[PDB]
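Have a look below at one chain only, the form solved without this ligand, in structure tokens format.
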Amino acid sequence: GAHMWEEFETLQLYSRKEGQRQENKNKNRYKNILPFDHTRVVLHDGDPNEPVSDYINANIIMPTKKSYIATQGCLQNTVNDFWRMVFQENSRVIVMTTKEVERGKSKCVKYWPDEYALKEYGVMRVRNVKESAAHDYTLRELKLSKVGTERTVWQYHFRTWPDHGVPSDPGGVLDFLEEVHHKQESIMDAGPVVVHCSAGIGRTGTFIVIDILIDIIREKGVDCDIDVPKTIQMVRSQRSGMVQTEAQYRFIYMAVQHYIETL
């Protein structure tokens, strides 16, 4: 049941106070794309010299088992906070859906070391022990520990998303999601899968909604009830505006239809 019955325009509020505070202004990539308070990731154990050390522009997405953190690409001044998030939440898989720079605009500040290098990002130590190139993505095997605890964090960095619109077919996204799914399931009690793009809502929302629907089909089979608008509204209750364009909406149905056809 991956048929489109409703048009995107039918898809059409909760507090965002923390994101709005003056102390947090420079932690947002876009002035008006902010995390809801009720699902934001709250960062603990911050530097006690910092009056505000609990904020990152990120939300937990729980499909309503696997959960996600939807976030923006790092800014130079949020790279440390991003690694505090990944550590604290026990995340073991990161899905990066952008290049660092697209059409000459930054979309994410490099927050991982080169292959066979290590860097410390604030209190977090990150070692890149191996990269693997695939046609549609690079996988980086990262080892994360707290400088004062090591665990492997696998970063799947999608390569092939066009700088304009969406991929004209979903094969690359589905191969990538399938590897993500198996890696997450390979790691006992891994935490939420981190997904990001520039703002953390368009590409990030498209990937998370496709993964959620594909996971339903895993549990329930190809004839299960699917409701894409309801699933989008459900994720939108947890971070504002997820799935931004009509092309991304049509791409979601195309991807789930192709997934069904592999079964």
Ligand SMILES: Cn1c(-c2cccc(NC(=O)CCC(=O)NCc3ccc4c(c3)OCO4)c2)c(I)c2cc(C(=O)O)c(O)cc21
Second form
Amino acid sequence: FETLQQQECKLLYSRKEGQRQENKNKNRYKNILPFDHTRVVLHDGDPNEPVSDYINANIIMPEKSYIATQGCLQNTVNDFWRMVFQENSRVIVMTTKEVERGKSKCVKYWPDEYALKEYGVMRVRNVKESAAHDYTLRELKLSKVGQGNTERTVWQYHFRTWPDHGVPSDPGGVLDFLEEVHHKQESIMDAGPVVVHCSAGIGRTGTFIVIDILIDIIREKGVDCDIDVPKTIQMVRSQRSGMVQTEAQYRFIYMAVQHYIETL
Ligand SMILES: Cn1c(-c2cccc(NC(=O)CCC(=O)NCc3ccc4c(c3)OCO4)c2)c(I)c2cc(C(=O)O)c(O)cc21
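Swap state to the form solved in complex with this ligand from the form solved without this ligand:
What follows is the entire complex, opening with the chain shown before.
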């Protein structure tokens, strides 16, 4: 893990946008930013706003795409749905609670069951909240106001059991969970990138995107194929820096992948 933490003593890519004054309070952590070449660009924003194209997120495509970004901020909730809509995403993976260890990891941006809110030009209708053990599945209807013909379902799997400290002592919950999200994403033909976030959108988020990428490998090739965790992390970090910030989260990806193979 350290042979890679060092490999980032310097960054091979530019993150000039996130620093612009106007995008200053559009990030949760001043130091965590998105590389200009992968970052999600937001079109069609309030023409009264100078910069409405920025959102702290990065398209992550294995080299099924993903979109890693931060947990919503009170002032970014509308930029968030604009991304969802613009990107045509149908699945959302919340990996953080709304407040861990007493602090705000993410702001609520989905309306209560049966309810319906409006975020800028976007409308969201929670048509039914179901809640299993490790997570809660919320069926949402997103659409741009003034145009109901654009409406589409956007399932939001909200993992809730992840410990405030450390990582799951066992990968079972994360695997059944991801397993669901996989098939759900597969059923929706022409869906956009799966979104996955957390406080900053790089640690825990990266742990999921990564585990999922490898498990997809094990579904296509078998339990025999070769898994290179370290080459994979570098692979995503080239699209978004910091993916996976701890050794424990690193070891998890390993225990995660093996376990899955055991299951098979
Ligand atoms: C572990 N970690 C860290 C991360 C990395 C380095 C340091 C910290 N620091 C801490 O606050 C822990 C300190 C502690 O012992 N508590 C006492 C305490 C807490 C809050 C207070 C306070 C005192 O005084 C005022 O406030 C967190 C990140 I960033 C991070 C991000 C993710 C992700 O998915 O995005 C993740 O899954 C894990 C992550």
